[PDB]
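A lone chain, given as structure tokens: the form deposited without 2-phosphoglyceric acid.
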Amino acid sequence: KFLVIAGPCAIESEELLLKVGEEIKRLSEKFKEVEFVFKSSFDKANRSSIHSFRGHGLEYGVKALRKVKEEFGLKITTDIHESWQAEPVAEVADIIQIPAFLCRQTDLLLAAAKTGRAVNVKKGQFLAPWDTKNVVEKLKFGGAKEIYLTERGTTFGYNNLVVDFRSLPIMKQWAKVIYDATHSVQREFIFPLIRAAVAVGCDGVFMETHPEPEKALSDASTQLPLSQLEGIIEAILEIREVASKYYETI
């Protein structure tokens, strides 16, 4: 089925996670035609500024996420930043996410693959679509069986990312493809591009959502308001239903 990965960018508090998890659980029950995966980062390890919010740490985060899966029975996904974090994270995370800047770090990929969990690699803004083939190979060599590649834009001049949708069919040759709707534009362009992603064809969409994005401690300018999530999901399912007839074979 279609994958929808969503949740607040960072684990600002297990309290926030529960409120978001409650809504994702509701959509989960409303759209049985979709596999929902709850996402949130226990640490923003690559902020530009040293004086920015990073999080409450790995232990606090894993505990908060554990709570979401127990209170709602939702699959979990979070990102790791160094090899040693794979094991403890794999205790809760159904899908281990690899940050875009780290998509070429062999040991991180191998560490994630060793946990036996699914692995989702964010395509580096510096990577060409065809160069993700080697990323998948690393994961397969490492013992990974469920592999995802996420489109999140490519470097286009300075301080700008462009989404080359030709990447979707190219990456589909060796892995399931997820379109990251919120980081690919980093709000007026979020919906239009997600619509494009599903018209082109992908296996899922990734989107950060927060009750009050403006009050968020991370990606306050791109996180989707929680209340708009249902409408966008219904919209992409309808578009996908009609467009899927034309998705090119492999």
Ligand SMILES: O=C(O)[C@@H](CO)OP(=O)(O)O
Given for the second form:
Number of protein chains: 4
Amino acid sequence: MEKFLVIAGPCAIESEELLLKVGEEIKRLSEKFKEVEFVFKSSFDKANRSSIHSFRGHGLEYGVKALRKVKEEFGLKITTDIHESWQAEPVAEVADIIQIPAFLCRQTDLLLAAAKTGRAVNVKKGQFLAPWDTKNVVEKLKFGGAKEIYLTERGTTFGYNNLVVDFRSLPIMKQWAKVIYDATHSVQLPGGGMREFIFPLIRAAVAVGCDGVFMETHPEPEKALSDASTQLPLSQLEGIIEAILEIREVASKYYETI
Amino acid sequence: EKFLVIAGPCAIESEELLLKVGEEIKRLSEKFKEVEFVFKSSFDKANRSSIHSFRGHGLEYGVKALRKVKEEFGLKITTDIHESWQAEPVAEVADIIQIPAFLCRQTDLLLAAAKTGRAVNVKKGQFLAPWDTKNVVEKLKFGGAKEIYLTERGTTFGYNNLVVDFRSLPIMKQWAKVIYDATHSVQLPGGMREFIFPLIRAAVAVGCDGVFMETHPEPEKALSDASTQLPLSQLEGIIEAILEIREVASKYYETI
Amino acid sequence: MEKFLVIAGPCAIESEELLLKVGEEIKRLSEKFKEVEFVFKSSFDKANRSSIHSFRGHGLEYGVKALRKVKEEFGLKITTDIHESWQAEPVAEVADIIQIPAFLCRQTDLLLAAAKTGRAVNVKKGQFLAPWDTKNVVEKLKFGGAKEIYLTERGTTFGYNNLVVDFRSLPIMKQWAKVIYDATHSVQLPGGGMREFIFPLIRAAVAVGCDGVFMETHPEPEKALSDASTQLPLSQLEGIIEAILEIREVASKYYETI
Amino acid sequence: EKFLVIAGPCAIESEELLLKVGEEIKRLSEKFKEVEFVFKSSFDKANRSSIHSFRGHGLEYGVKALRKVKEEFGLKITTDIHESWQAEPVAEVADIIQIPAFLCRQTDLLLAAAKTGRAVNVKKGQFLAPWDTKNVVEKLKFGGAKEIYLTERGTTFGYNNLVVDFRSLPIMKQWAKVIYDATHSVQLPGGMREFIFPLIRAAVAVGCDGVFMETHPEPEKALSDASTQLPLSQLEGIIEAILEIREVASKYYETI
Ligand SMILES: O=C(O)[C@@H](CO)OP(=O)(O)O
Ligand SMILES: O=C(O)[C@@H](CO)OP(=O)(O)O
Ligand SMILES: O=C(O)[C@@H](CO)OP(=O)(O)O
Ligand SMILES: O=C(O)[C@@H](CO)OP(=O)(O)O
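Compare with the form deposited without 2-phosphoglyceric acid: the form solved in complex with 2-phosphoglyceric acid:
So here's everything in the complex, that chain up top.
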């Protein structure tokens, strides 16, 4: 079985300190769960918040420098998201995996900018996109030179201010890329979020079969500057990870062949 | 209480077919003692899209064939009703009376079912939000029902498509035992066999009280739900798989 | 141009008196709007309420007798809905148009029970049904002997507790039956309702093109026993009808040919 | 203020095509003096599903061709931007800067557009509820924009389908002028020409401040939105139709 990916970290780079605190914990779990490839995630810019008054971040320069500290202090791989083509090059200096936001999954130039860096690229599936329509997204990355591609399931528009997770997307997308399940954005209520469903839905994802999971986690979610109602309390991370590795193991012999 | 597996051919195509399927379910029944098996088949497909499609052989012949399965194999029975008058005659043989998803809000049908003293399983309508099943349960309690089940079978997602919102499992559990219907949840109304097993794995990882699966020795030849009925020979493997997943996952099912 | 249909009346037969009061007003409008075919509607049983504690009605016998009074006192056509096959025969004694509830639009026996009465049949399109899938519904009625058939647009499931009206359904369904737009149920919030959208959406319906409209109306909606937030104040009916006849007239030369 | 009609070929396939279309719009412009016509064409289809599809001839060539239309015919101009840097160069020719629907929440793009001093039209995202456009308008006001439009273009309805919820027209009007996009609202993402005219009739019966329509002398030969671009010759008839409907219906538009 392939090394399972767990992408995790605070939603936003609130400070270099917050980063070091989560990083410390992620490093501890990586030493325990040696069958997992851990990737530390945090955004240097929440460029698509609903409100002009909401927290965005401290800028690209500061964020890359704080992620670089996490990588240097803990030896952890790094992923962060870009919003315009010009950011691909500077971010690629620290990011092992460049993330493409869900609203931007069809922006050709942004995808090509990420792909020519030589870094892996993970595209969040747009809330508007059918799972079979990710085939062209992967084709655009492969055309642009990307050799390691991920597609992340994060819910689909289901009426107003609600997302539903159609688990059929996991085996469908697996036909053309590795698949990541985003356990924290899939339960958000666009323009909101329900923490009580994070755990059940992530159990469903590993029972269906995916190649990794993505989770935002913060020492104190209620105090977070972004995604306060969906970020997972840091102390709860180890137990969630153990549970998914257990459920994955027992379901794995039944995963179907693409 | 023990995990429920409700299984059988979609339609009572013949007393014979029920006996063949009944035999295999009897067999699995002896192999998996911790599971409560309930044999299912419909005496009438009362809501087919086309007037030219197979409906069945009538309630009399159907109850007779189901009686034969219960007598011959000792299996509990479940079938669905479509109008209030059918509840009492079906209750002579059915341990569980099933309410069709389009009929989940028909007050008299629910009350007629509750009045028989039998257990009632209501398929959640494709139009119903999970929190709105609380009133469904309340109707049945008011009607005297004491063993109540709610079955997840997908929700309307645009035209000719259903999506399973797994958040409904924990929500519905606040007021009834919850069953996951593995075969209708992937059908395309007005489906895809390849998604049956993956989604049933999800349902037990999330946590449910039972699973519902239509099965037929030769699905391609079935007269109803031909595209989604599970081949009978695959049933054992899927049941063992979900008992294994449940065993591990149950440690994590959230309290009520 | 065909005589436009306006189906209207109180949601439920709260009393024979309420019926006579609305009937009086509908009769007055029928004398004014002679280009409209008016049909008086009221249910003898709200058989599918969400709550066991909600108002259902005073029974079939009482309801048919109250509708028969309206027909006899005002000379108005009558429509009411059935819920089980056995009710088709007694209701057909008074109802010119037998209505099939939206949740029951695929119940074969109920449709055949209505069709063999020789009365017109109007089927509410299920909130789960695609517009092209009404073709088989009409085929079932024609097979059962119905010679005058209507399909009513009343919204489609759009996430939880919300309905959306896809106006493309009007020209699609028109391929096989006369089409009615239900102005009051289309704005209800299943398991709720928004009165402010009734008027705009009914203007859209006649600009697209339909063969009639359906509206629930009560002298005092807030006091209604069913659909209190969507029933139209009776005093507002005349002005709505004048507006739709005006918009219909001006749009009509552009209605496309089926 | 007067009713807006924004029209033109989806993509700047060539300075020529724009001139042919510009000529017809100039003509209608003289025929319908109460209407403010705005000529539209995209210099880059930056979000095509396939890497092998037509994107265009670049921003430079595009701004040049649009400048030619404004110089030659005196028509106001609108085109869309895809990244913040494009706002200032596009603002030399565009009276209205268009924000793509997938990019309606990208704060910097909205701010870059507002900073040019031009009017801004934001296509409402297929994922956005109508009440959630209030924050979109607030971003643009904060950015200095004073003439703001919100365009209805359909909402995600299951997979590969959009539905127009007309309730959004009156809701969005509380905070901006509202335009109805008649051609993308009926496209099937990842459409149907037969529904364009019926839905545009609905939009003016409900009440909007303008309509948006892509038009091409020969849609079948277009390099983008070939399935939905309106044949140029049909444009006059549809504009006269909607002015007639609006004239009658406007008596009933609800206050703000
Ligand atoms: O993970 C996040 O921080 C965001 C941005 O990429 O994800 P999404 O676009 O899926 O909301
Ligand atoms: O299980 C079935 O036979 C049918 C009828 O009860 O189910 P549903 O109503 O969910 O289609
Ligand atoms: O008009 C009504 O009173 C009801 C019942 O027929 O309609 P619907 O089923 O469309 O909710
Ligand atoms: O009108 C268009 O050219 C496109 C781009 O702005 O529209 P939308 O983003 O609505 O697809």
